[PDB]
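Here's a solo chain for you in structure tokens, the form deposited without the partner chain.
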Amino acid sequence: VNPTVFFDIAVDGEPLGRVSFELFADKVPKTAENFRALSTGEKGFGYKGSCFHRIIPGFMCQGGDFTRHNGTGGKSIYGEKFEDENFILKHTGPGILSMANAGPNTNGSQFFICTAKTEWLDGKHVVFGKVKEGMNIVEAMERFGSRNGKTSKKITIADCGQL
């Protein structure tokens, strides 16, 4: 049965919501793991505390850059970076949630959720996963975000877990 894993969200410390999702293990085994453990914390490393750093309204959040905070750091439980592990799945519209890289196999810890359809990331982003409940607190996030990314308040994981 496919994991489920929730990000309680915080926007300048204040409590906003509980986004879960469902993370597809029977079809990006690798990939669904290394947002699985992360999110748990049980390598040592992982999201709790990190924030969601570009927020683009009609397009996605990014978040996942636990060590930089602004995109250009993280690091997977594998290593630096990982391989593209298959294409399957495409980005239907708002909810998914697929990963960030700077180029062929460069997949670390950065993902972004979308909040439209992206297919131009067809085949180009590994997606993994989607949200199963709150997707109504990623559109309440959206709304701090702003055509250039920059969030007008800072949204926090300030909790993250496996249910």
Second form
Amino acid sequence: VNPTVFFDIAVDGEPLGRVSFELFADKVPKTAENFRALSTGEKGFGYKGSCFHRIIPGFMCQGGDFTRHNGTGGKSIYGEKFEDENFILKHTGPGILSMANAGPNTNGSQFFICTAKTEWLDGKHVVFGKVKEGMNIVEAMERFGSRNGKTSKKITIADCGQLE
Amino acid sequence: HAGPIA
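Hand over the structure of the form deposited with the partner chain bound; the form deposited without the partner chain is what we had up.
Below is the entire complex, every chain and molecule, led by the chain shown above.
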């Protein structure tokens, strides 16, 4: 019953590996659906082709910005942004897919994949999913994101979609 | 402006 989407990661055009995620619809539907709906690109916009503009080693990997690709843009399927459905799920560790907001009730299309346990984000960011397969792919994306976050090389979402 | 801090 829980949706499974994926990202085919490419480092500078050359494919690296696939990374699938489990969307916890059974807890946070609207957030869950928006990422599934945007991972498939059914409205005409989404993750295919967008990159991870912000990767901070030992912390997380941020992407989802298909409009301004510099951490400014991106939008939800509901128009601009949306509310904070809930805060039931916590950032328990690496693999956690959560929404990258700009303060409360500002969820759009940006998200981040955790590459370590980030409990200080608990209550401030809506956790809505988790990496099912390919967590070694995000582990590699690592060396390509600096301390400040600027990538050394372009990490891009070559292909993405829904598998179940 | 979207994003979480370390």
